[PDB]
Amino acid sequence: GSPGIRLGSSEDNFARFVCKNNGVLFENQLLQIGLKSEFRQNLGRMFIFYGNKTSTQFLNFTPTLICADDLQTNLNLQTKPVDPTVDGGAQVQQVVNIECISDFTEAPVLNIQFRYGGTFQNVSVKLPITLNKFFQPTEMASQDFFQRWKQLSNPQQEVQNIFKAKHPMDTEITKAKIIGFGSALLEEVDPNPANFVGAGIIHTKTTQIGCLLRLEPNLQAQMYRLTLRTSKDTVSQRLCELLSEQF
């Protein structure tokens, strides 16, 4: 990724929004940007809240969405303009309508420009619209899970990652993280009681991708082995990257 200290960067808090949909995405001494998102099928609706932390009204308040050319073909974002004048202490809301066309890895960038005290202010932050947001959890019996797991033939469709735990192995937190990620969390499927098994379908306009995941904790080494088996190589890769950063 991008080298150097990531503090005051465009992605300081991006990671906290992969498994949850609400929270403060960015905050400086003048503005606070909060989010509330909801997804269904291959669609999403993200409410962006711009809070004026001062006692002075902002002018020319202009939020613009910026997506790489490649991203634009896989993700369609639409929004209505917000009023350019924001009173001090006020919070204005912007709604972004999202339509996932095909699977994607990049993230849109929200750029906000405004005038405060006669000065030009500029902020750019990555919006947490990630592939997993388009998940439909799919509950299924142990037998059905194993039958599907064993239907994978393409080696590219399986992605494994063995990594060090960033957080304590708190069972309940882990279960909550997996459910927040988007897939169904299947209870009592893997013969080893320490492992977590998940299943879901990633929805896009052009294709529906069945996904299976297995998370195996190594308590002594404080490491995890995450395996993704999906019907599309690029989805297995993206989902494995995203989920690995959460434990």
The other form holds:
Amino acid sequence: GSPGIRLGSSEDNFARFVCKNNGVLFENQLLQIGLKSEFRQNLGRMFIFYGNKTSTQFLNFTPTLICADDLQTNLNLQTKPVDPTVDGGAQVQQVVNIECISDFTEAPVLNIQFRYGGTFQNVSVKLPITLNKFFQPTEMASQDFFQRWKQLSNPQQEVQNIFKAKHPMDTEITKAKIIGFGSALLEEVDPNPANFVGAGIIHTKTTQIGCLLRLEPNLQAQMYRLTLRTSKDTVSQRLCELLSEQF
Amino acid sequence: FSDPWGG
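Provide the structure of the form deposited with the partner chain bound, given the form deposited without the partner chain shown above.
Next comes the full complex, and the chain you just saw is listed first.
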């Protein structure tokens, strides 16, 4: 179940890239790995930056993308060559072209292997390409939201999670996290003004999944009740799981 | 544009 201290692992900062696209994903004493990405419809483009923190250059810098078989059927990644020599204090760029074929839950693994000071260096970090990155936000009037909310048919399409807040509850931050996640934040739809409501469409090559979400805070309990209602059970499950970790 | 190193 993914045990052990999450420090010096392949995912120490993964969660920091679910609601935003840029920042430092990884950093040891030799290498800094930064990111930027953009997505549109079921496609994306991610730039990975490799910074050499030393006064010595790296040789045979080889970054490779690894996807389990299951992930390869749902997510198509293509990349261009990367300068294999990185000067000390210098940075090199890698471009990853992304095509989402169908919804996916696993994450690609980025493996970095290079030479430094006459030694072999290897690093593996989970790449933050996640399902919500293919969101198309959909603004809509209150009445339209409720009509759609009430069109869910198979209970497997609704997924609910009542969890403990990992972060101080804060209205603006919460709004910011929902917007960053990808869906539209619909103001004043829930009659309870303390709740948040979102809506968007997840885009993939083979199917477009309509998505609705309700987030309910409980200050006393320091918990939230998050509900995902979408047109595909696996999408509800992955979005709920991803979103729950952000609060 | 946003800084790849700012996050």
